[PDB]
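**Student:** As a plain string of letters, each chain reads:
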Amino acid sequence: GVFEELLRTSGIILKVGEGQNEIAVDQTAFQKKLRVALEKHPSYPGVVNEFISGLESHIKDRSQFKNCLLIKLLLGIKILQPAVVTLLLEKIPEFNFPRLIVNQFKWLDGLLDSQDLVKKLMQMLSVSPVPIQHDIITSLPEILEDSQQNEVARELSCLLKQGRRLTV
Amino acid sequence: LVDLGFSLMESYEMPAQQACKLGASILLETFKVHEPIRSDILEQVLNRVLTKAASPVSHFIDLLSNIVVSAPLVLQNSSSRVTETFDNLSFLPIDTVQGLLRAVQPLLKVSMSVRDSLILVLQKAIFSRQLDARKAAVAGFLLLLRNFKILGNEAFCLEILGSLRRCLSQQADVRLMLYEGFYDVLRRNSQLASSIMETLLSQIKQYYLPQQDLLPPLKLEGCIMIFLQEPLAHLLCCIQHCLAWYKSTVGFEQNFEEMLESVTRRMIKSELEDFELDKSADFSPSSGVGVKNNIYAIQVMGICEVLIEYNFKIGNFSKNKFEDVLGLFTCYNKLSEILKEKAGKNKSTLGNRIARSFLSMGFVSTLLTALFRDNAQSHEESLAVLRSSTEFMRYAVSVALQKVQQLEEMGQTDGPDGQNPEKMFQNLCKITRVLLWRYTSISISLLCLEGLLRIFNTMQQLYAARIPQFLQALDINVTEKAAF
DNA sequence: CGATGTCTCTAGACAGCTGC
DNA sequence: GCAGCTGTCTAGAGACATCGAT
Numbered sequence: 048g049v050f051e052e053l054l055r056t057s058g059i060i061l062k063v064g065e066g067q068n069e070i071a072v073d074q075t076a077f078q079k080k081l082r083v084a085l086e087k088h089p090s091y092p093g094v095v096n097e098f099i100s101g102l103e104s105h106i107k108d109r110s111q112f113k114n115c116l138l139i140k141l142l143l144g145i146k147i148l149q150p151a152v153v154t155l156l157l158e159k160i161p162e163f174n175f176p177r178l179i180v181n182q183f184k185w186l187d188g189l190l191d192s193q194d195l196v197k198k199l200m201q202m203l204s205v206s207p208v209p210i211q212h213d214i215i216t217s218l219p220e221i222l223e224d225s226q227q228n229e230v231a232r233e234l235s236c237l238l239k240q241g242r243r244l245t246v
Numbered sequence: 384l385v386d387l388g389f390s391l392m393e394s395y396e415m416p417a418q419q420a421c422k423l424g425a426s427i428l429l430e431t432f433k434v435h436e437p438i439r440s441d442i443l444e445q446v447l448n449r450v451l452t453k454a455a456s457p458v459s460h461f462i463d464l465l466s467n468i469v470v471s472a473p474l475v476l477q478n479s480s481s482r483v484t485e486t487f488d489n490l491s492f493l494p495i496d497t498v499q500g501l502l503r504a505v506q507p508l509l510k511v512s513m514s515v516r517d518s519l520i521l522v523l524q525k526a527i528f529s530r531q532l533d534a535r536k537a538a539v540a541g542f543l544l545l546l547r548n549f550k551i552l553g582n583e584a585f586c587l588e589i590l591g592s593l594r595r596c597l598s599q600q601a602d603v604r605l606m607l608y609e610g611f612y613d614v615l616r617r618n619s620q621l622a623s624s625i626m627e628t629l630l631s632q633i634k635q636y637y638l639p640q641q642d643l644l645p646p647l648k649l650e651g652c653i654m660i661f662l663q664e665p666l667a668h669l670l671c672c673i674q675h676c677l678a679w680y681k682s683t684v700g701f702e703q704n705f706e707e708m709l710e711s712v713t714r715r716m717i718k719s720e721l722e723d724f725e726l727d728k729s730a731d732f733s734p735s736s737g738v739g740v741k742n743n744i745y746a747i748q749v750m751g752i753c754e755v756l757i758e759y760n761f762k763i764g765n766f767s768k769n770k771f772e773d774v775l776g777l778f779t780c781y782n783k784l785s786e787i788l789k790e791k792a793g794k795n796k797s798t799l800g801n802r803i804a805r806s807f808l809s810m811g812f813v814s815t816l817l818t819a820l821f822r823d824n825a826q827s828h829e830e831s832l833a834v835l836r837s838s839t840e841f842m843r844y845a846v847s848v849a850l851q852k853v854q855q856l857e858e859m860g861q862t863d864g865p866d867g868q869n870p871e872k873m874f875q876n877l878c879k880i881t882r883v884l885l886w887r888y889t890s891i905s906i907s908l909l910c911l912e913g914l915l916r917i918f919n920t921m922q923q924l925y926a927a928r929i930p931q932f933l934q935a936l937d948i949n950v951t952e953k954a955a956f
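Residue numbers (the deposited numbering), protein chains in the order written: chain A, 48 to 116, 138 to 163, 174 to 246; chain B, 384 to 396, 415 to 553, 582 to 654, 660 to 684, 700 to 891, 905 to 937, 948 to 956.
Incorrect hints may have been included.
[As the list claims (entries may be wrong)] Cut-off 30 angstroms, straight-line C-alpha distance, at most; resulting in silico cross-link-like pairs (DSBU-like, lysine-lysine):
1) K550/B to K79/A
2) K197/A to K648/B
3) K525/B to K146/A
4) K634/B to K184/A
5) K198/A to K525/B
6) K113/A to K184/A
7) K681/B to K872/B
8) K140/A to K634/B
9) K634/B to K146/A
10) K197/A to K525/B
11) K791/B to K728/B
[Unchecked claim] So these bits of chain A aren't anywhere near chain B, every CB distance computed over 12 angstroms:
12) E52
13) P150
14) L244
[Unchecked claim] Facing chain B, from chain A, some residues (calculated, C-beta under 8 angstroms):
15) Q74
16) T75
17) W185
18) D187
19) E220
20) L222
21) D224
22) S225
Rather than coming from a laboratory, the hints here were simulated on the basis of the structure. Even for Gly, the Cβ is constructed at its ideal location relative to N, Cα and C.
Could you build the full structure based on these sequences and the hints that come with them?
**Tutor:** Put into structure tokens, the structure is as follows:
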């Protein structure tokens with residue numbers, strides 16, 4: 048609930064459901080307010096750890112994920149760099175639902191370590207239905223910004239070799 | 384008339418160029434004076450530009466610009482049928498997109514719907530991982546920022590800031606043109622300029638290595654993915675030009706100046722002994738490591754050139770900075786005259802000269818005008834020891850030959866004010882005299911004379927309508953001055 | 001339909017004709 | 001005494017005749 052309190056002082060309201068985002072329409076004051084809140088109360092490993100625990104407890108609800116439909141405010145801090153990744157992992161087995179995060183990650187490249195995250199996304203792709211796998215395969219260029227061309231080309235050629243039915 | 388013009392552009396593809422001129426003329430006349438058919442003319446020209454890239458098709462964009470600047474309301478009268486044209490990002494968006502946006506600028510500004518369509522099409526285009534698509538996206542970004550003017582709706586200002594910052598993470602090739610185009614939009618903002626400086630400063634901290642005047646700050650290892663990831667020279671050139679603009683306009702700025710000064714003081718103390726490329730033959734074409742040295746070698750040359758502009762501009766007749774310029778070129782020549790063009794690439798005789806320079810046409814004009822045809826008490830005896838560097842003399846003019854050659858082969862150049870034809874016209878009007886004065890002062907003069915041949919060639923071939931002022935600027949009938 | 005080979009050449013080099 | 005200097009040979013690059021069928 049620490050992240051919930053931090054949202055209460057600077058962020059969204061405590062509303063779990065299917066409503067709209069209770070965030071100010073700006074990124075120079077509300078974002079700065081969230082940054083100063085995250086830089087004033089959390090200043091030690093223990094408090095940031097309990098803040099991470101509160102964030103995991105809060106955002107884990109599917110209602111919050113539907114409310115998300138942004139997340140760039142959370143990614144403004146380095147301490148949530150893998151938190152957004154693991155929340156994406158928690159949101160991915162919801163279908174056809176992951177379309178929201180697929181479109182949300184569009185126009186978003188905040189990441190912890192793309193090289194390992196690529197391996198992890200094909201790892202979850204090994205256990206995905208056909209349609210979601212097709213969308214994710216379309217989304218490999220989305221997660222990159224042309225900085226991992228060689229390995230991604232190698233792996234997509236491997237996918238082409240293994241999968242002929244899903245060549246499109 | 385309109386059918387004849389349509390088939391005229393069809394039959395074009415010099416008599417063909419004259420046919421293009423005649424067709425553009427007749428289309429413009431029949432559009433200007435005929436009211437109920439101007440929409441038909443707009444539809445015809447919109448349907449004719451598409452699927453036309455093999456032949457030179459600049460005529461379409463230029464006559465479209467002329468007819469919309471004569472009558473901008475036709476597109477709205479045609480219910481803004483330009484939205485479908487946004488798909489042209491895949492055919493040939495090297496220059497057509499830039500000119501098209503230039504033409505449609507006022508109608509994008511007045512009409513909110515077309516602006517929204519443009520922003521959404523470019524937003525979906527930017528994250529397409531195609532080189533061509535990204536080039537089209539960055540080209541459109543170069544224009545959209547200056548499409549909106551507030552320098553003399583604030584959400585519109587602040588929202589566009591992060592797009593290019595995100596795009597900066599992409600390859601070097603798409604990282605290239607943003608460095609050049611940042612100045613054009615920076616001439617059009619006050620606080621957006623501050624944010625752009627902060628973003629560029631954060632970018633340059635990636636390769637700064639803050640160490641206070643020790644082993645050189647070469648983080649070129651990151652620009653290896660045999661390949662290159664970030665053109666440090668272009669980034670440094672943009673940094674210098676934007677810093678000069680900010681200084682002339684009126700926390701980090703003081704830090705910005707000192708770290709730039711620290712780098713200048715570090716290059717003079719970092720010679721080809723602390724450098725990794727101290728070997729005279731480490732370069733090897735068609736090798737995995739030699740080309741890595743080659744890209745490192747070419748990148749540092751641009752690094753030296755940029756700070757030559759900085760020290761000359763930040764210092765004003767101050768002997769301390771002049772010797773810094775000497776040391777910079779000393780590092781430049783010691784590493785450009787030899788190693789490269791000995792083992793890098795000189796097997797074929799070099800038709801051209803000192804490699805592609807990242808200087809300003811304004812700067813080189815100031816340099817030559819201050820160097821030659823300038824002798825005052827403000828001169829601090831620094832040019833006296835600077836004049837001893839005849840190797841610097843040859844480079845000081847060979848860069849100018851490179852710039853006006855860009856104006857010869859192409860219609861533009863590099864550095865600030867590369868697209869404002871009056872601006873270089875004044876620059877060309879100024880540099881020509883000192884170029885002539887250097888020739889008439891008495905190789906070195908061979909360089910300036912070769913330039914004059916290319917000023918006159920460029921003057922007639924490009925600035926044909928602007929000849930009389932240039933002819934009179936050498937101090948109305950052109951012949952009497954020409955005969956002189 | 002027009003890619004191609006042939007040819008005036010300008011210079012550079014290291015090597016023969018000056019030298020030594 | 002083998003140290004000096006003296007020049008056709010070879011590779012650069014650019015314009016033309018036919019190059020060889022579309």
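**Student:** Indicate, hint by hint, whether the structure satisfies it.
**Tutor:** Hint-by-hint comparison with the structure:
1. Simply put, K550/B and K79/A have alpha-carbon atoms about 26 angstroms apart, close enough for the 30 angstroms limit, and the pair holds.
2. Simply put, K197/A and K648/B have alpha-carbon atoms about 28 angstroms apart, close enough for the 30 angstroms limit, and the pair holds.
3. For the hint pairing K525/B with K146/A, the CA-to-CA distance comes to about 27 angstroms; that is within 30 angstroms, so the pair holds.
4. A distance of roughly 27 angstroms separates the Cα atoms of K634/B and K184/A; the hinted pair therefore holds under the 30 angstroms criterion.
5. Restraint check for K198/A and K525/B: satisfied, since their Cα atoms lie roughly 26 angstroms apart, inside the 30 angstroms limit.
6. Only pairs whose Cα atoms come within 30 angstroms are accepted, and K113/A paired with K184/A is accepted, the gap being roughly 17 angstroms.
7. In summary, the hint linking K681/B to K872/B is supported, as the alpha carbons are separated by about 20 angstroms, within the 30 angstroms threshold.
8. With a C-alpha separation of about 23 angstroms, the suggested pair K140/A and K634/B falls inside the 30 angstroms cut-off, and the hint holds.
9. A threshold of 30 angstroms between alpha carbons decides the hint, and for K634/B with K146/A the separation of about 18 angstroms falls inside it, so the pair holds.
10. Proposed proximity of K197/A and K525/B is supported: the alpha carbons are some 25 angstroms apart, at most 30 angstroms.
11. Straight-line distance between C-alpha atoms of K791/B and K728/B comes to about 12 angstroms, which keeps the hinted pair within the 30 angstroms bound.
12. Under the 12 angstroms C-beta cut-off, the non-interface status given to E52/A relative to chain B holds; the minimum distance is some 28 angstroms.
13. Here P150/A stays apart from chain B, with its beta-carbon at least about 19 angstroms from theirs, past the 12 angstroms limit.
14. No Cβ of chain B comes within 12 angstroms of the Cβ of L244/A; the nearest lies about 20 angstroms off, and the non-interface call holds.
15. With a cut of 8 angstroms, the hint placing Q74/A at the interface with chain B holds, because the nearest CB-to-CB distance is about 7 angstroms.
16. Hint status for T75/A: holds, given a least beta-carbon distance of 6 angstroms to chain B, under 8 angstroms.
17. Annotation: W185/A was flagged as interfacial toward chain B, and the flag holds, the nearest CB pair being 6 angstroms apart, inside 8 angstroms.
18. Hint on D187/A holds. Least Cβ distance to chain B is approximately 6 angstroms, under the 8 angstroms limit.
19. Taken as an interface hint, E220/A checks out: its beta carbon lies about 6 angstroms from the nearest beta carbon of chain B, inside 8 angstroms.
20. Annotation: interface hint on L222/A holds; nearest CB of chain B at approximately 6 angstroms, less than 8 angstroms.
21. Given the 8 angstroms rule on beta carbons, the hint for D224/A holds: about 5 angstroms separates it from the nearest Cβ of chain B.
22. Against a cut-off of 8 angstroms between C-beta atoms, the interface hint on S225/A holds, since the closest Cβ of chain B lies about 7 angstroms away.
Hint compliance for this structure: every hint is met.
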